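Below you'll find only one chain, the form deposited in one PDB entry, shown as structure tokens.
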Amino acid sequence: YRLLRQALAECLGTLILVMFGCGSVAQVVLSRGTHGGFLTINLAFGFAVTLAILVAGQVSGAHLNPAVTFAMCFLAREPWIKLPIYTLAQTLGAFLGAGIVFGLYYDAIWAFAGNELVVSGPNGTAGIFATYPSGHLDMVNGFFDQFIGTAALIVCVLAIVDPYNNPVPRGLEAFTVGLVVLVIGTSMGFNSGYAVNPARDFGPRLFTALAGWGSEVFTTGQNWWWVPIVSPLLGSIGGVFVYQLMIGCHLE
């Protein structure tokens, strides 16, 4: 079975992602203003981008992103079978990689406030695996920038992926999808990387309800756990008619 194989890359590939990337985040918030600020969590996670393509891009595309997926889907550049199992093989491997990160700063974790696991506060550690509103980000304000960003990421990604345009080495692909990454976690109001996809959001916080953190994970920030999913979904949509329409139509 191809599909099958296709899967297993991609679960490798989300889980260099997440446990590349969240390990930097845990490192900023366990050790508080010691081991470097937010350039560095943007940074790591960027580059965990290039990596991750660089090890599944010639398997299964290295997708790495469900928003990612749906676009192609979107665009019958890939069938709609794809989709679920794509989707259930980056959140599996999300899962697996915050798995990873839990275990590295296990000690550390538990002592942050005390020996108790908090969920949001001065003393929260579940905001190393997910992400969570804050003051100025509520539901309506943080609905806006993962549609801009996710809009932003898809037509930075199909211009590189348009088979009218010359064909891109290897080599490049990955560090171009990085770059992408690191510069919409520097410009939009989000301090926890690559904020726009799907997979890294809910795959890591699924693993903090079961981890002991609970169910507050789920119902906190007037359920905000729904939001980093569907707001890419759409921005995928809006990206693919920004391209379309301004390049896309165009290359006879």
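Residue numbers count along the first chain shown, from 1. Whichever C-alpha set is largest while still superposing within 1.5 Å between the two forms counts as the rigid core. First, how it differs from the form deposited in another entry.
Put simply, after the core is superposed between these two forms, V168 is the one residue in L88, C73, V168, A159 with a Cα shift of at least 2 angstroms. Put the two forms on the same core and the Cα of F190 is off by 2 Å or more between these two forms.
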Given for the second form:
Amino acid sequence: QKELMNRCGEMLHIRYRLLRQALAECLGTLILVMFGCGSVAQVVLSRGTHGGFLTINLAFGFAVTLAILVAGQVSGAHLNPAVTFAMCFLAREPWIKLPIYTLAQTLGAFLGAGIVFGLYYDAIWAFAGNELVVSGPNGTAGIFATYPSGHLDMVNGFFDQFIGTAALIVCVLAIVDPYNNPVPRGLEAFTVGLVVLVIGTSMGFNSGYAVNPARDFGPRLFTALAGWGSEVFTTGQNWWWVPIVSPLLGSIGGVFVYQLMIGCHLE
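Could I have the structure of this protein in the form deposited in another entry, to go alongside the form deposited in one PDB entry above?
Chain alone follows, minus partners and molecules.
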């Protein structure tokens, strides 16, 4: 039966490399969101019975590792518009793929929310008694997108994502640096996956350590059309744009931090 599989492989073969990389980013971000947002639903819908916040940190951290193992060889497994912006800002990848990856990263993250919604369709609907509440004691929209806590304000929420994304790029840039290799080559999947693991355990209290415009805006746009309504965007004094603008500004901020102390003074 290998003759049919090889025949199907040659027909479905994609000549365009750019579209091949965008297809890998859709599945790479799908795994990250399905295994990440699905973990939140496991600890929110169960009210902590099936795990606490450490379950979210372990699943979100190791979902990046698995997403890198899946789409790393094809597209580089950027998995983040802030990460893609950092690579483009460093003259490492063409600027033409910045909107291509972002469009391919928002998708898949949007699809990953639909998979999580279909995975917990009965639990989500029975959480608030055949109704959808954006936030509160029976809030269900917090599973997909990230929302500020009661203590968090508008100014602190901006710097919460800025520091989270800057610390992500600083650690990511050191891993992907060709001249900075304190670890044998090929272990970039586990090392980058540890960065998201310690970010959730350190800066995941204010909002939910989004630090990813695709991971946040993607499922947030899904919840608007799924039935949560327009209240998703207006929650937290129009919080929806904070996990988008701030991580982009945090990427260039984290690019400068690494380059000024270690990146430029190497070799």
